[PDB]
Structures are given as C-alpha cells and as structure tokens.
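Only one chain is given next, in structure tokens, and it is the form solved without ligand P6F.
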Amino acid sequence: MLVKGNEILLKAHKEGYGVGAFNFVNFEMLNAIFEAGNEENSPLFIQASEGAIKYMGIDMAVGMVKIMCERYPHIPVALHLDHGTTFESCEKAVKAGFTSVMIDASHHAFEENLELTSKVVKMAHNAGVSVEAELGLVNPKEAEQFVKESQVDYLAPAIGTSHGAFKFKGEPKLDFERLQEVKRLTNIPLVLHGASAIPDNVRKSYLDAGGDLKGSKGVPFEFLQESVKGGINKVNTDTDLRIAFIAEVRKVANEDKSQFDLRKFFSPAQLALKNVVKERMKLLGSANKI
C-alpha cells in the first residue's frame, strides 16, 4: 500500500540494496511499473517530475497511483516528487498526497541550499512526508553537516555522474571511496541521479526501430552495482524506461502504416518498459524484498 518514502529506503539502507525510483507520465508507464513490482516481489518507489505533474495534473497523478495501490495492496509504494524546484511545489505535492518530496537546491550555495531544504523538511515532516535533497563532487564533511542540520531523510550526493549542476563532458566515473565516506558520515539512505544504464537490448530495440541515440551512453550496469555496494539505496530511473517504451511505438509505426489502434502501439511498449523495470529491480537487489 502507499507508505512514506523513508519506510522503503531505510530498509534498503539497513540491508544494503538499491530501490529503483521509476518515473511515470501517464497510465501506461504506471501500469508497467506496478506489474514489474508485482512480478519481482519488489517495493515500488514511484516518481513524478514537475513536468509530469503539469502534464497529468497532480490530482490525476496521485489518483492513478491510489487506484494502482488498491489493485496491488501487498506492494509497498512511495509516491515521490522528483526534482521539486520550489517550496511551494513540494507543499502542493504534500497536500495532494505524495509520500516523499525532493527539493533540488543543489545549484545554490551551501547556506541557501540548507536553508530551503530545512524549510521543506519542516513542512513535510509536519505532514508525515519524507524528504530528499541534493548536494555537490560532494565534500563528505559538508554532506555530514548538511544532513545533520537539515534533518533530511535521504541525500543525492554528487559522486561522479554528469547531471544537473554537476554536468561534465567525458566518461562518467564513480568515486566509490567518496561515496563510502559520505555514507559513513551521514548514515542515511543515499540517492543516485543521472545514472541511465541503457541496456544493450533496449538500445538495439530503439535503433532497430529507426531511432537515433546520438552518442548518448549512460553508464554500465557495473556502475550501478558498485554504487549500491557503496551505499546508494535509491536509483532514479526514467530515460531507460522512455527509450524502451518509445522503441516499441516506433516499431509499430514502421511495420504497419495502417495501424492506429492505440493499444497495438502501447501494449508492446508497456511490456518493454515492464521488462526494463523487472531487470533493474533484480540488478539493484530489491527483488523478493516484500
């Protein structure tokens, strides 16, 4: 059923596994994520970006999740605001029924990031909602102070991905010892952003269907595995889902120019997305944890 984000992530923190945090923008994505969690007996951490909330309406985003929870009442589910950019966006998500909110002030200096994060924490904790923040590479002693003073529930430290305020050109490299130091000093669940791991079969599906991935690479599965070993407990996953889904839409469009039954496009798209989610749950170690 619907639970606070910290309930899912504290278990992962204690037991040393990662929970994929899977984005959705509509019914098809959400259904595939839930079926994957059901088939792998995995907790579900469901994310909606601010753009997804604008697209669906926050009432529909929460409403569809509540319907799905009732359909699979044995699965723990958290509903998380991904990259909230203002206090008011986080508060609206809290009021609408989200059970986790992320405030991204990582482009601000330490003091301003801490101040806004703490304000979000005060509001969210009063409503029983858990909070994620982001900090950058990160200095572990600054992360220690940031966590202790803010009371944030989980932190996304900049540890080597090209993402957000910490974009760089070049092969990403995981700073494992830095990760371990952040983990040891903060003793909270940690979150990895910017780690798309386009599986070989998904890449092939997308290219075969005529797609172009313009030298976009993501990271190898080993990067994700090593990150979990080092204490990452939440792995944001969106890009990989979209590529798998749209590969099947492109394929249907290519192979039958007369096809306009939406279900003929979106049933195979859901299946491909579901399979990405299932494999990611197995890779990160949340399978069979419910």
Second form
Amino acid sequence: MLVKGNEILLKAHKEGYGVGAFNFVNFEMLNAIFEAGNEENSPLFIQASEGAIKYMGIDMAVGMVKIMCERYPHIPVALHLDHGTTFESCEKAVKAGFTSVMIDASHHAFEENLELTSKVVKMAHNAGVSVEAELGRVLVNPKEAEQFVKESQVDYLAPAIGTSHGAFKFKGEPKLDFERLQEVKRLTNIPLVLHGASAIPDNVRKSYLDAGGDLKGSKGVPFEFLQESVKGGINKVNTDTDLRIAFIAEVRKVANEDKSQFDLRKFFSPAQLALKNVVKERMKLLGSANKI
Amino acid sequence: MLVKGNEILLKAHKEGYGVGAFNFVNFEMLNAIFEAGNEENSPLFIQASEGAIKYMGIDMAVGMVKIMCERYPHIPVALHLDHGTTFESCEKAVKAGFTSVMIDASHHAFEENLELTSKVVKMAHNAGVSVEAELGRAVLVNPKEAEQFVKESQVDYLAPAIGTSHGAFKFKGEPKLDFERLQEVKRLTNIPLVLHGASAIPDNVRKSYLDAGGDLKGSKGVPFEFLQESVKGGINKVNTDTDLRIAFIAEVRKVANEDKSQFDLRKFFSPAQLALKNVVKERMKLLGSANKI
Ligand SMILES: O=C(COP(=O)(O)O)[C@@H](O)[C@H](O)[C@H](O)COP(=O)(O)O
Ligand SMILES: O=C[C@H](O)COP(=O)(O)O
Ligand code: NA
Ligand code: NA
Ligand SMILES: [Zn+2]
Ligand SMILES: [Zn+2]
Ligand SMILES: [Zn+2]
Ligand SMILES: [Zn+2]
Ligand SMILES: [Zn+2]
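Provide the structure of the form solved in complex with ligand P6F, given the form solved without ligand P6F shown above.
Entire complex below, previous chain first.
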C-alpha cells in the first residue's frame, strides 16, 4: 500500500540495502515498474518530476499510482516528488497525495538551502509526508551535512559525491567520492540518496544501438559503484535514464521491423518488458529484492 | 461527467447528429481525446476493446476515465465496452463501472444473437448500463430482423451491417455503403444506430504516416462524405480507432527518424497526442457533435 517515504527508507537504512527510485511519465512505465516489484518481492519508490507532473497532470499521476497500489496491496509503495523546485510545488504535491517530496535548493548557499528545506519539512511533516533535500553541486561538505540534517529535520539527504543526471555522467572514468559518502553517513545517520544513478547496462545499450539509436558517448555509473554506494550508506537510488533507453529501444525496433505497424500495444508491450527487466535487475543489484 | 451511454446517444438520435466513439489503450490516447472534446465543446463516447482492457487492466481503464471526467466535469462522457464477446465480459465491465457495453453476437443466427443480447440487456439494464448489439455480418442487415430484434431485446442502440469493416483496409475498390438499408433500419427501429469500422484515413493523416516512413498497404477508409451521409441516414455513434492510431504512430515514427539520440518518452508522445487530438476535433465537427454541450 501507499506509505510515507521514510517508512521504506528507514528500513533500508537500518538493514543496509538500497531501494531504487524509479521515474515514470505514463501508464506503461508505471505498470512495468510495479510488475518488476511484484516479481522481485521488492518495495517500490515511484518518482515523478515536475515535468512529468505537467505532462500527466498531478491528479492523474497520483490517481494511476493509487490504482496500481490497490492492484498490488502487499507492496510497500512511496510516491515521491522528484526535484521539487519551490515550496509551492512541494505543497501541491502534498495536497495531491504524494507521500514524499524533494526540495532541491542545493544551488543556494547553505543558509538559504537550510531555510527553504526547513519550511518544506514543517509543511510536509504536518501532513505526514517525508522530505528529501540536496547538498553539494562542488561536492558535499560532510560537516555542513551534519548540521543541515540536525537543523532541518529532513528525512533523507542527497549528498553530491560525483554523479550527474542523464546518459553522459563522466567525461572520463567513473569516479565517486566514497570516503566523503561514508563521512556523511557517519555524521548524519539518516537514509541517503544517490542522484543520477543510471548505469546504462551493456545489454540496454546494445538494444538501443541495434535499433538505430545513438548514445552520444554516454557513460553511466558502473554496477560496482552502485553496490559500493549502498555499502557506503546510500538507501535511495534514483533511476530514470536506464528505463527510458530500454523502453525506447523497443519502440524504435518495432518501428524499424514493420512499417505498417500502428497498434500502440505492439510497440509498448515489448517496451514495457524491457523496462521491467531493467528494474528487476536493479532491485536485485541494490538488495531490495525479497525484502517484502 | 460520466453518464449512461443512452443519455448521450438519445440526444444525438433526437437531434440528428453523430457522436464519435473513440477507442483508447493508454493515457496518451485518452488525454488527447478529452482535450479534443473540451476544445470542441462535444460530448465524449470513450471506448475500450477487450484487448485494450487486458492491456490496461479494467481497474486502470475505468480509473483513468474517472480521473479525466473529474478534470472536465462539464463534458458528458460515456465509457463503453467495444465488441464484448461473452456475457461474462459484459458483466465484468458493468461491475467495473462501464456505462455502456456492446455484445457482439452477430456471427450467430438471429435467435441465438437475440437470446444472448437479451441476457446482456437484462443484466446491464438492472445496473443502469446501456447496451449495444450488432446485426448482419458479408451479409448486410435485414431491416425487418432489426425491427424485431430491437423490439424483443430492448437493446438501446444497434450496429446494423451496411457495408463497413474494421481496420485500415475497408474497400477493395471504391467505398460503398447501403444508405437505403440504413434508412429502413432507422425508420423501423427508431433508436440510435452505430457505425462500425468508420475510420476515414484522412489525406493529411496518410501523408503524415507516409512521410514518417510508414506503409499503409493501399488502405482506404470511409470518405468524409459517406460519414456525413450516414449521420443523415440515422447513425448516431461512429466508432473511430484506426485513424487515431495512424495519426499517433506517424508522429512517434517521425521523432524516431529525426533524432536517433532521443529517448525522452514525452518528446515522442506530445506530438503524437497533438496529431490524435486534431483528428478527433475534426471528426467531432464533421459528425455534428461540436458545440453540443
Ligand atoms: O536522478 C535522477 C535520474 O538519474 P539518471 O538520469 O537516471 O541517472 C532523477 O532524480 C532525475 O531528476 C529525473 O530523471 C529527471 O526527470 P525529468 O526532469 O527529465 O522529468
Ligand atoms: O472494433 C473494435 C476495435 O476497434 C478493435 O480494437 P482492438 O484492436 O483493440 O480489438
Ligand atoms: Na529525488
Ligand atoms: Na461498439
Ligand atoms: Zn537530481
Ligand atoms: Zn535527480
Ligand atoms: Zn540532483
Ligand atoms: Zn465492430
Ligand atoms: Zn462490428
């Protein structure tokens, strides 16, 4: 059933595993994520960006998720606003029924980030909703993280340790500051969040290229880095790019192999399957499989 | 809001216009259909086939439509089971919250078609749900059979076979519908009538699909003029699916062709929604349901 984000992440924190946080923009993505969680017996963090909310409408984003959680009532599910940019956005998500909200003020100076985060926390906690915030851009200062968490009362923190969003994360070799991560974890003792955590697995890349796609020199976070991140105290692992590439690879394939095909289900059934398999493998990698 | 199918179609029957019945299989199709109805001030008949219901799950099919009707509460909306094949399928749709169900037993002899339809009607009417049935197969409808079939079954609307078929490939040569048979059916039954396989494949939609590398294999729809004549003859519900799929997928193919690095689903499906919406808007104007709210 649909639960506060901290309910899922406190367990992952205490037991030392990672929960993938999977973005969706429509029914097909959402269905595949849920089927993956059902098949791997894994809790689900479902995320919607502000852009996804604009595309679906917040009423449909929440409504579809509520239908899915009634279909799979044994699965712990949190519905999370990804990269909320203003207090008002976070407040709208709370009012609409989200159970976790992220306020991203990491581009502000510490004092302003702390003030805005604290405002969001007060509002969200009054409504029984968990809150994520972000520190670092430059990498996180662990002593700032310690004070920020203590003063804001935020439920989970995304510390900058070297990742970035999209398919092009490393101009060179993948590198994450695990010593910094461990220090943040030691000083905050809360669940931590890894942004930009897609891996671009070799099989997903191969499917995309076989379908005529171009991955312009892309590079994701190696599986070993994700596992080391979880060992270091990461408990929420934001995953979007991997899902899109696997989904769209199959759409492109169907378009290429039959120019007379226009049944939407013939495009999106294989697309769902590929997305589902990415999610299932990620749940096993992160250690959330068989945790229900 | 969400209403019995007959509420929408009795008005169309009495005033002599047609209401498009637009199939959907996911959120993108549904959103575009609703925005079209809002922009043209038109009632909405939303249809889901058994295959679409299996794909979405009946809980999600009904649930998404209820969310959309709350987003646009001034629009009359009926949610209709398209080509239900068994009593049990129709009953499941009634229980899930559909407001209209179609039972297609037209491949049976008259007596068996009438028996099964009557069973569906009794069940659906007891739940406040309207019912469509089909007569004729290909063999065209016998108007005197239509008259007795409607009187005995109490079905709310009838799809009489007058020369259409489903899919993109409708006519081996020139389109042809039996409008005299239609008028006789209408005169004898005096209920709303339904046209199946009513996509037109407009020139611009065909051109968009071909520009995107698609192949329509010499497909031909019902010309706009034949759709208007069918409404003049008494058609009030016009089943439309293929046109929407072609317009939508044309845009998906185009995005895939023009940017090999694009994998944002919204960049594929926003232009696809727009193309589908425009097909629906034009069809609402053609059939005469625009400005009828
Ligand atoms: O970190 C994230 C995903 O990382 P990824 O690119 O999958 O490595 C998410 O929090 C993103 O913020 C999200 O995918 C952005 O979505 P849109 O803003 O494009 O909808
Ligand atoms: O006439 C019925 C529907 O258009 C067929 O749609 P389907 O391909 O989902 O069965
Ligand atoms: Na987030
Ligand atoms: Na029908
Ligand atoms: Zn981020
Ligand atoms: Zn992010
Ligand atoms: Zn971030
Ligand atoms: Zn039919
Ligand atoms: Zn039919």
